[PDB]
Amino acid sequence: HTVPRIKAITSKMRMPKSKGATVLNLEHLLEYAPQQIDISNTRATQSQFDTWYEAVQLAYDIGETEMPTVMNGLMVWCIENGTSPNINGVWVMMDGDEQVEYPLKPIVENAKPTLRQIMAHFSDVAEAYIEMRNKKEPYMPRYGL
Amino acid sequence: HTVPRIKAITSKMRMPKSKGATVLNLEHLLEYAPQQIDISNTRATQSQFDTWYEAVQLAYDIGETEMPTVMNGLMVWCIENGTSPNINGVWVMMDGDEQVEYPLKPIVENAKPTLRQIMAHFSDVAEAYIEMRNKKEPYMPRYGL
Amino acid sequence: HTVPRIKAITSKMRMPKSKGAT
Amino acid sequence: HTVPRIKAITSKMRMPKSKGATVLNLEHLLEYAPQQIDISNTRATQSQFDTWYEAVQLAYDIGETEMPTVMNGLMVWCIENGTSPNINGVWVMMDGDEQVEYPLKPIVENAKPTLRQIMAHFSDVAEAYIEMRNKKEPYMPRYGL
Numbered sequence: 042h043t044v045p046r047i048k049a050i051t052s053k054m055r056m057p058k059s060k061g062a063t064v065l066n067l068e069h070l071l072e073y074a075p076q077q078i079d080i081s082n083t084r085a086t087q088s089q090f091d092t093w094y095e096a097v098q099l100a101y102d103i104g105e106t107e108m109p110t111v112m113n114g115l116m117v118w119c120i121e122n123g124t125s126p127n128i129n130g131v132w133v134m135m136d137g138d139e140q141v142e143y144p145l146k147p148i149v150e151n152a153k154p155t156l157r158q159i160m161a162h163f164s165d166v167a168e169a170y171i172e173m174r175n176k177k178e179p180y181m182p183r184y185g186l
Numbered sequence: 042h043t044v045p046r047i048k049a050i051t052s053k054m055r056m057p058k059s060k061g062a063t064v065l066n067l068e069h070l071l072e073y074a075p076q077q078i079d080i081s082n083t084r085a086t087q088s089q090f091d092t093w094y095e096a097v098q099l100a101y102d103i104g105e106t107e108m109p110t111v112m113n114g115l116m117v118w119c120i121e122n123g124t125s126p127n128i129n130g131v132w133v134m135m136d137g138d139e140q141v142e143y144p145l146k147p148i149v150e151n152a153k154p155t156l157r158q159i160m161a162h163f164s165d166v167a168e169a170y171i172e173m174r175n176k177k178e179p180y181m182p183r184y185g186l
Numbered sequence: 042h043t044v045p046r047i048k049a050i051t052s053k054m055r056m057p058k059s060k061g062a063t
Numbered sequence: 042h043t044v045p046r047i048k049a050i051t052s053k054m055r056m057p058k059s060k061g062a063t064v065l066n067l068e069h070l071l072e073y074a075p076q077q078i079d080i081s082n083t084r085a086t087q088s089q090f091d092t093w094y095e096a097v098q099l100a101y102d103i104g105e106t107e108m109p110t111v112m113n114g115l116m117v118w119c120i121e122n123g124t125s126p127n128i129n130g131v132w133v134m135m136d137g138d139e140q141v142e143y144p145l146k147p148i149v150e151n152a153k154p155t156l157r158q159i160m161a162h163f164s165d166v167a168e169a170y171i172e173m174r175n176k177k178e179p180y181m182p183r184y185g186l
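Chains Aa, Ab, Ah and Ai supply the protein sequences, listed in that same order.
Quick note: the first sequence, position 48, residue 89 per the authors' numbering, numbers continuous.
Quick note: the second sequence, position 28, residue 69 per the authors' numbering, numbers continuous.
Quick note: the third sequence, position 10, residue 51 per the authors' numbering, numbers continuous.
Quick note: the fourth sequence, position 41, residue 82 per the authors' numbering, numbers continuous.
No wet-lab data here; the hints were simulated from the structure.
Using N, Cα and C, we set each Cβ at its ideal position, and we do this for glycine too.
Just so you know, not all the hints are guaranteed correct.
Beyond 10 Å from chain Aa on every Cβ pair, some chain Ab residues (computed) [to be verified]: (1) 49; (2) 79; (3) 150.
With a cut-off of at most 27 Å between alpha-carbon atoms, the simulated DSSO-like pairs for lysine-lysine come out as follows [as the list claims (entries may be wrong)]: (4) 48/Ab to 58/Ab; (5) 146/Aa to 48/Ab; (6) 60/Ab to 53/Ah; (7) 153/Ai to 58/Ab; (8) 48/Ai to 60/Ab; (9) 58/Ab to 53/Ah; (10) 153/Aa to 60/Ah; (11) 58/Ab to 153/Aa; (12) 176/Ai to 53/Ah; (13) 48/Aa to 58/Aa; (14) 146/Aa to 48/Ai; (15) 153/Ab to 146/Aa; (16) 177/Ai to 146/Aa; (17) 153/Ab to 48/Ah; (18) 48/Ah to 48/Ai; (19) 60/Aa to 53/Ah; (20) 60/Ab to 177/Aa; (21) 153/Aa to 176/Ai; (22) 146/Aa to 58/Ab; (23) 53/Ab to 177/Aa; (24) 58/Ab to 48/Ai; (25) 153/Aa to 48/Ah; (26) 153/Aa to 48/Ai; (27) 48/Ai to 58/Aa; (28) 60/Ab to 176/Aa; (29) 177/Ai to 53/Ah; (30) 60/Ab to 177/Ai; (31) 60/Ah to 146/Aa; (32) 60/Aa to 177/Ai; (33) 60/Ab to 153/Aa; (34) 176/Aa to 53/Ab.
In isolation and in its complexed conformation, chain Aa is listed as follows:
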């Protein structure tokens, strides 16, 4: 007659218990679907990224309107070079053919808990940039961010 479709929460399944009650809240557990990247520890939490991005802008004294153009070069620089640079060093982003130097102290010192996890936010755009140039000319990099 009717085909028995099995349920996801079987009756004979041990929900965790504490003093009789259940520690879980299995009516909204099914209505709880976060993205695999927004609850992963491989990326720094948005609060810690809002601090690194704000503690770097103050060290450079760059205005909020001129701030984002700097972050284009920072990712591109972090593509050839790894996310473990010299804290007593500088990174370069060009105004055409002229090199512009930026200190690496606020970048590494203010990145918590690790510069790798702070730079992991740029991972989505890093692939979108490497592949975009590979169409024109080879851009086989040395490290990643």
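The hints should help you fit chains Ab, Ah and Ai onto chain Aa, whose structure is shown.
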């Protein structure tokens, strides 16, 4: 009818965000294509090369017109011998068959952050010189710059 | 457009002060 | 039938004895549960804290209603700087941008048995203050209280 060509910046791709806004400036990110050697940390930045080249010319007291001929010998000397020489030593470049001695103190002391990265500028011409002689006589070297 | 070149004397840097003046 | 549950006070366990009787009072020993911080010697006893707090308020001649606002600055000052300051010195707490100086003689002289143990009372709020600011801006300190 029309074939759907995919875009590089997909709609469902996580641009990094800070307080709602976007840290990147993805309208000039695509119009930003620097050379892989001018934003790499394996070579000293042009400002630091403009300092080493100017702090060495003063120690030798060599005029700006006689200065570049010295740099021919320095690279050739740095081909057989590595970029980590004795600071209390000399390097040689010939006026034909007669040896001419130059101190190695301004070369190593004034090279920041490392003599290897300062000498990495000569990498393009180093290959163009080794291969040019290999046509005439073997020039299998011992180190590089 | 234009690359922001940082200055040596940042605005948020504590110049020594004496009775208001520097 | 019935599962034998073991007792905490086993019959074959040597209660300390003195002249036949028992030195312990093992009927209220089980009904005696103090906090691990209120019987620990790492913090000065409340009687000695009631003396230091009262012997400092008299030296500053500060009223009891204006007294507690001073203790906010004292802990914050004791976060960057350790609990072993110069007795012939002063500590600072701001009325906005204007420094206010307070002598360090009543703070150190009247703290028994050690200023570290007297300042150990503020340990619970010290973490609650460092973490609260770390959300806004980095507050990586140098010592603790």
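Hints, one by one, checked against the model:
no.	hint	verdict
1	49	violated, 5 Å
2	79	violated, 7 Å
3	150	holds, 18 Å
4	48/Ab to 58/Ab	holds, 21 Å
5	146/Aa to 48/Ab	violated, 36 Å
6	60/Ab to 53/Ah	holds, 22 Å
7	153/Ai to 58/Ab	violated, 52 Å
8	48/Ai to 60/Ab	violated, 58 Å
9	58/Ab to 53/Ah	holds, 25 Å
10	153/Aa to 60/Ah	violated, 39 Å
11	58/Ab to 153/Aa	holds, 17 Å
12	176/Ai to 53/Ah	holds, 21 Å
13	48/Aa to 58/Aa	holds, 21 Å
14	146/Aa to 48/Ai	violated, 61 Å
15	153/Ab to 146/Aa	holds, 17 Å
16	177/Ai to 146/Aa	holds, 20 Å
17	153/Ab to 48/Ah	holds, 22 Å
18	48/Ah to 48/Ai	violated, 74 Å
19	60/Aa to 53/Ah	violated, 56 Å
20	60/Ab to 177/Aa	violated, 34 Å
21	153/Aa to 176/Ai	holds, 12 Å
22	146/Aa to 58/Ab	holds, 22 Å
23	53/Ab to 177/Aa	holds, 24 Å
24	58/Ab to 48/Ai	violated, 59 Å
25	153/Aa to 48/Ah	holds, 26 Å
26	153/Aa to 48/Ai	violated, 50 Å
27	48/Ai to 58/Aa	holds, 25 Å
28	60/Ab to 176/Aa	violated, 33 Å
29	177/Ai to 53/Ah	holds, 17 Å
30	60/Ab to 177/Ai	holds, 13 Å
31	60/Ah to 146/Aa	violated, 33 Å
32	60/Aa to 177/Ai	violated, 39 Å
33	60/Ab to 153/Aa	holds, 18 Å
34	176/Aa to 53/Ab	holds, 21 Å
Hint compliance for this structure: hints 1, 2, 5, 7, 8, 10, 14, 18, 19, 20, 24, 26, 28, 31, 32 are not met, and every other hint is.
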